[PDB]
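Student: Spelled out from the first residue to the last, the chains are:
There are 2 protein chains.
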Amino acid sequence: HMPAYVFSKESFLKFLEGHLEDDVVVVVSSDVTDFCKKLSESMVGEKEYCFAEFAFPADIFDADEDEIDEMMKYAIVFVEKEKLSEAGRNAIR
Amino acid sequence: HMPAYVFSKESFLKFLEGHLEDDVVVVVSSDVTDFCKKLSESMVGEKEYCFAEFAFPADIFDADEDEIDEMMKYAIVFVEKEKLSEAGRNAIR
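Protein sequences, first through last, are from chains B and A. Residue numbering for the first sequence follows the authors' numbering, starting at 0 and increasing by one per position. Residue numbering for the second sequence follows the authors' numbering, starting at 0 and increasing by one per position.
Chain B extracted, bound-state conformation:
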């Protein structure tokens, strides 16, 4: 799995500004259909990840499945600062 990307509010605005192509719209889903944690071994011992799954209707796309797969997408979580570890604090952009 990928590293953690934690953003200050301003760096999160910058990140968006950088990633928003001129002619795009943003489809937003808060429809979480599953959420859980799983472990995986790495070359540096066992780790834990959260998995959050979101649903959203396909009827808004005139696009096939692999096209929607290819589209730039992100999950975002709003986390109060009291709820970070030391590691989560070290990571803040």
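Please keep in mind that the hints were generated in silico from the structure rather than gathered at the bench. Be aware that one or more of the hints could be misleading.
Any copy will do: because identical chains look the same in the list, a pair fits if it lies in one copy or spans two.
Unchecked claim - In silico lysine-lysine, BS3-like type, Cα no more than 30 Å apart, as pairs: (1) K37 / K8; (2) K36 / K82; (3) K80 / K13; (4) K82 / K13; (5) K46 / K8.
Chain A: place on chain B using the hints.
Tutor: Coordinates of chain A only, in the frame set by chain B:
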């Protein structure tokens, strides 16, 4: 299932601003572990949904699984206007 939320760039930015109120950071993940289209059935026929699962490391949190479950989160997708259906175009804010 919730209806689709589709925002123009400016509406999308206004929407997120409303969440950046407190001592809050934003955890962002593009680590899609699973992506597919699946049919959903009801009494009045079938509808296709996309499902997007994202992973993010747990060790950044000082929080159990139910607490991460409870935090505000969204999947967002960046879509070319020329890739929307007529209904998707319809629903822009």
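Student: Determine for every hint whether it applies to the structure shown.
Tutor: Now the hints, each set against the structure:
Proximity of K37 and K8 under a CA criterion of 30 Å is satisfied intra-copy only: 28 Å inside one chain copy versus 34 Å between copies. Taking the shortest Cα distances, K36 and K82 sit within 30 Å of each other inside one copy (16 Å), while across copies they are farther apart (34 Å). For the homomeric pair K80 and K13, the shortest alpha-carbon distances inside one copy (19 Å) and between copies (22 Å) are both at most 30 Å. Both within a single protomer and between protomers do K82 and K13 lie at most 30 Å apart by alpha-carbon distance, with minima of 23 Å and 25 Å respectively.
In this homomeric assembly, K46 and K8 come within 30 Å of each other (Cα to Cα) only inside a single copy, at 27 Å, whereas the closest approach across copies is 36 Å.
In this structure, none of the earlier numbered hints is contradicted; all agree with it.
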